[PDB]
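Student: Using the hints provided, position chain B with the ligands relative to the given structure of chain A.
What follows is the residue order along each chain.
Protein chains: 2
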Amino acid sequence: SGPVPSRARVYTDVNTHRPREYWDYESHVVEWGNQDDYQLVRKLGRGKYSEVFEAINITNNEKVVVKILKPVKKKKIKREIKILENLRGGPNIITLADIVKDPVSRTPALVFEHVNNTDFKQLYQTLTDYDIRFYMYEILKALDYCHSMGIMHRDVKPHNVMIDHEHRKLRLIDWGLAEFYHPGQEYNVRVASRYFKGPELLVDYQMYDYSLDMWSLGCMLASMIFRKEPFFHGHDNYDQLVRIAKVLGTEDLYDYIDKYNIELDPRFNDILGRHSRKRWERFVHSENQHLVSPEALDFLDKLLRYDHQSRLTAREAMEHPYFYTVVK
Amino acid sequence: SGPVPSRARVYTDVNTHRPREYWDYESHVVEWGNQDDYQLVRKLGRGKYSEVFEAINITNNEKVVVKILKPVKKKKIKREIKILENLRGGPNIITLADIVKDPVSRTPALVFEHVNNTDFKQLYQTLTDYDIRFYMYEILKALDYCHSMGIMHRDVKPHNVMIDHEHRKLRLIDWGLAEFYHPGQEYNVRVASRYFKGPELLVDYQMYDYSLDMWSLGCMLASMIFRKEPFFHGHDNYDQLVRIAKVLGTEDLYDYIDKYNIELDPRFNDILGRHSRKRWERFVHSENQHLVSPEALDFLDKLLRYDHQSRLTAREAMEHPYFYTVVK
Ligand SMILES: CC(C)n1c2c(c3c1-c1c(Br)c(Br)c(Br)c(Br)c1C3=O)C(=O)CCC2
Ligand SMILES: CC(C)n1c2c(c3c1-c1c(Br)c(Br)c(Br)c(Br)c1C3=O)C(=O)CCC2
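The listed protein sequences derive, respectively, from chains A and B. Just so it is clear: in the first sequence, position 267 is 268 by the entry's author numbering, and no numbers are missing. Just so it is clear: in the second sequence, position 54 is 55 by the entry's author numbering, and no numbers are missing.
Where hints are given, some of them may not hold.
If several chains are the same, the list does not tell them apart, and a pair holds so long as it fits within one copy or across any two.
Said to hold, decoys possible - No more than 27 Å apart at the CA atoms, straight line, and that leaves these computed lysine-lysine pairs for BS3-like: (1) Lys49 - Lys75; (2) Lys158 - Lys75; (3) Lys79 - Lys122; (4) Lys44 - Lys102; (5) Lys75 - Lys122; (6) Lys49 - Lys158; (7) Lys64 - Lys229; (8) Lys77 - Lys49; (9) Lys170 - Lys122; (10) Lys79 - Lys329; (11) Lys122 - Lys102.
Note that these hints are calculated values from the structure, not bench results.
For reference, chain A alone in the conformation it holds in the complex:
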C-alpha cells in the first residue's frame, strides 16, 4: 500500500503563502562581497563540509568567523545561503554578514558574526539546573522562529549550539542541512548526527517535518540532566534505534510503524527484540540528581516520542512548567 502520508500540525502552509522566491532557492543569485576585506587569523576547526577560521575584517577591524566550504553541489550552497538570509535577525540565529569567494579553494566562504563560545564538553559539566532551563529556552526561541519561517534545522546537537556563557548568549549555527518544509514532500533521511537522529530517520519514513528537531532537542536535554553525553550512544543507525527502543520500549515503536504503514528494514528483525518502556528513575544517581526533577522528566518525556506528530511543538515546549522560573 505504501506509507501513510503525514503533515506538520503547525506552520504547515507558511511557505505556500510566501512569494516563490522565498523557498525556490535554486533561482537565488549570490551577490559576492570583497574577499580582500578579510584576513584569516587562525583555524578554529574542521568539519565534514567546511573549514572554520577566525578572521579580521580589515575595513573596520572587526572579528568575524569564516566558513570556507568544501566542494558540494551549488544547489546546497544556495539552500544554506537562502535559509541564512531568510532567518537573519531572528532570535538566537547566527548572523550571516557576507559571502566571498576563497582565493585558494575558489569555493565560497561564508562570513559570520563572531561568538566567543565555551566548548560544551567543558560547559555541560558545570551547568546548574537553572542554566539548563535557561539555555533550553533560548534554543526553543531559535527553533520556534525557524519553524514559523517554514524551515527545519535537521542538525540540532551540542556542537551546533554556540554559548557565550559569560554573557548568557546563545546562537544556533550550521544551517547547511536545513530545508524548507512543504506539505507532502519526501525528504532525505540521511541528516543529523547519529546520536540525535529521530526514529523517523532510523526507520526510513521520509515525510517528516519540524518535529524532527524536537526529538534532537530531547536527546540534548537527556544528556544534560542525566550527565550522559551522548545519551543514546549507538554504534550505527540500527544499533541507534536499538538503544532508543531499550529505553522507550518496543510496543510504542511497533505501534508507530503500524500507524504509518512503515516497511521495517528486515535487518531490524533480529536485533530490536522485545523491550519494556523504562521509567526515567533508573538513570538518576547521586551525581546527577540535582539536575533531575518531576518537571524536567515530564518535559523530556513529552519530547522523546516515536510518533513525530505526538511531540511537543517548540511553542508548546516553551509553555511547559519546566520553564516558569526562566520566564520570570
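Tutor: Chain B with the ligands alone, transformed into the frame defined by chain A:
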C-alpha cells in the same frame, strides 16, 4: 490618488520624433550572418544570460567575441539587437559585428568587436586620480550619446565597462537590459545589480528615465575614490535602500517619497529608521586620500540624490570642474 507622474528633463521626446521603426523593436527583423564564419577559440566566462567566448572570424582571420545566449524571449533579443544597431558607431559603445544562429540547436549568438580588457579587480587598485577622472569622462561620453539617442542602459556597473588600459580605450557593453525612453511609460523596476539600483527602483517608482544610469555612475565613482567595493553593500533590496539611507539620510528620502506620492512597501517601516545625512569625510582615510578631492566630492554629491530629477545629466556632469584637467 496614485503616484505623481514624471518626465525626463532632457531628451524627453527624441523617440516620438523618430520613425516608429527606430524604437518599435517588436517589429524588427534580424539580419542573420553565417555561423560558419566563426570558430570558437576559448571560453572567456559565464553569465546569467550568456556564455562568452573568444573566437576567430576565418573569412578575414580577425579576432572577435561571441556571446552565446541562454534561452530568452525573442522580443528581448530584438530589443538588444535594435539598440546595439541604433547606437553603433557612437563614442565608446561596443560594436555589434554580426548575429548568427546555430543551424542545429537554433540558439542565437551575438558577435562583438574584441577588447583587451584588464579585469577591474586588478585595474581599479592601480588607477590614479587622473585615471579615474579620464575613464569617468569616457563613460559619460557613452552615456550622453545613448541618452541623446533615446536609450537608457539600466545596468551601469564596473563589470559592464571594458577598459584596455594600455591603449586608454573604454567600451560600455552588455545592452541586454537597455530600453527606449518614452514619456509616461512605466518600466520594470527589476533591473540592474543590487549595489547599483537607484532609489526609484528600490521604492518601486516605475516612471523613471535616463537619470537612473547617473545614480549607477555615482555608485561606481564612490567605490573608486574611496576604494570600497561595493559602496552600498546591502543584503537584499530592502537592506540596500537601508544602506543608502544610512549615508544620504532618511529626511531627504521621505521628502522624495512625499513629492511623488510613492506607496512605501510596509516592510520598510521597521528597517529604515531615522538617519542623518553623513559627510563624505567619514569614508576618507590614508589609503584613498590621494583619490579624494573637493571637486570629486562635489561631483559625487551631485550624482547621488534620491530625487532622480535633481541628479546631474551626463552633459552637466561632463561640464563639472572635476574634469577640467581632462578636458585640457
Ligand atoms: C566547533 C567549531 C570549530 N565549528 C565547527 C563548524 C562551525 C564552528 C563555528 C564556531 Br566555533 C563559531 Br564561534 C561560529 Br560564529 C560558527 Br558560524 C561556526 C561554524 O559554522 C562547522 O561548521 C563544522 C566544523 C566545526
Ligand atoms: C567578464 C567577461 C567574461 N564577460 C562577461 C560577459 C561579457 C564579457 C565580455 C568581454 Br571580457 C568582452 Br572583451 C566583450 Br567585447 C564582451 Br561584449 C563581453 C560580454 O558581453 C557577460 O555578458 C556575462 C558574463 C561575463
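Student: With reference to the structure, classify each hint as holding or not holding.
Tutor: The hints, checked one at a time:
For a Cα distance limit of 27 Å, the shortest separation of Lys49 from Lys75 qualifies both inside one copy, at 16 Å, and across copies, at 15 Å. Both within a single protomer and between protomers do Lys158 and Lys75 lie at most 27 Å apart by alpha-carbon distance, with minima of 25 Å and 26 Å respectively. For a Cα distance limit of 27 Å, the shortest separation of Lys79 from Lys122 across copies, 24 Å, qualifies, whereas the shortest one inside one copy, 32 Å, does not. Taking the closest pair of Cα atoms, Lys44 and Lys102 come within 27 Å of each other both inside a single copy (18 Å) and across two copies (21 Å).
Taking the shortest alpha-carbon separations for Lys75 and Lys122, only the inter-copy value of 24 Å comes in at or below 27 Å, while the best intra-copy value is 34 Å. For a Cα distance limit of 27 Å, the shortest separation of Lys49 from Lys158 inside one copy, 15 Å, qualifies, whereas the shortest one across copies, 38 Å, does not. Taking the shortest alpha-carbon separations for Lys64 and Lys229, only the inter-copy value of 19 Å comes in at or below 27 Å, while the best intra-copy value is 35 Å. With identical chains, the CA atoms of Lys77 and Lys49 are at most 27 Å apart both within one copy (14 Å) and between copies (19 Å).
Proximity of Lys170 and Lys122 under a CA criterion of 27 Å is satisfied intra-copy only: 17 Å inside one chain copy versus 39 Å between copies. Taking CA atoms no more than 27 Å apart as the test, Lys79 paired with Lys329 passes in neither setting, with 40 Å inside one copy and 50 Å between copies. Proximity of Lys122 and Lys102 under a CA criterion of 27 Å is satisfied inter-copy only: 13 Å between copies versus 33 Å inside one chain copy.
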